[PDB]
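Only one chain is shown below, in structure tokens, and it's the form deposited without the DNA.
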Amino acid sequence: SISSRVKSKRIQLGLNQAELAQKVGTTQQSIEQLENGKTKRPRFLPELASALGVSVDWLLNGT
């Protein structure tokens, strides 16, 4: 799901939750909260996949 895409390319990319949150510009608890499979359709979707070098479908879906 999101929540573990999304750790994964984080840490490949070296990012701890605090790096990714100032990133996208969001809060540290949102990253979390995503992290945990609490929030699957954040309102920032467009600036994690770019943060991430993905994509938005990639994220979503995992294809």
Given for the second form:
There are 2 protein chains.
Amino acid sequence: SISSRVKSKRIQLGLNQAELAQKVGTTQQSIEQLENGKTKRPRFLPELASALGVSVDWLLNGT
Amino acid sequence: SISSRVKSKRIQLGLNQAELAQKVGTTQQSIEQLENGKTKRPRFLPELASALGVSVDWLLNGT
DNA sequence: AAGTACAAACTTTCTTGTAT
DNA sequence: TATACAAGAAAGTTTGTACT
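Return one more block: the form solved in complex with the DNA, after the form deposited without the DNA shown previously.
Every component of the complex follows; first up is the chain already shown.
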């Protein structure tokens, strides 16, 4: 899902949610809600795909 | 400018607002908020760049 | 301590209807 | 016909707190 892919992703890189956000330049909260399934399309969607270093499509559809 | 660029392709590509909208899966009225600086980060940024057949970075950074 | 969640108030982006 | 405006709501963001 986008929420899941992200959580696993954010982990192969070790970043906890607090530093992940640090990197997209956004709250710890916002990173949370996303993982948690309480947001489908975080306005910061291209900022976090840089970070995970995967491409938005992949993040979005899991390809 | 996000909306510059956007506008300019549609004219290029030969469609009007609606078309493309119906194409992007959105609305004539949405293609306006964006196009007319009324929107920055659309929930269709992505679905639009494929439609718009250019890069999502390109829409924002135009880079 | 450290890190992940929660929930309310506010903000942007969407949606529908009509005006130009 | 084709682009624009405008009011209500929804989807996201915030920020302060709370859990564990």
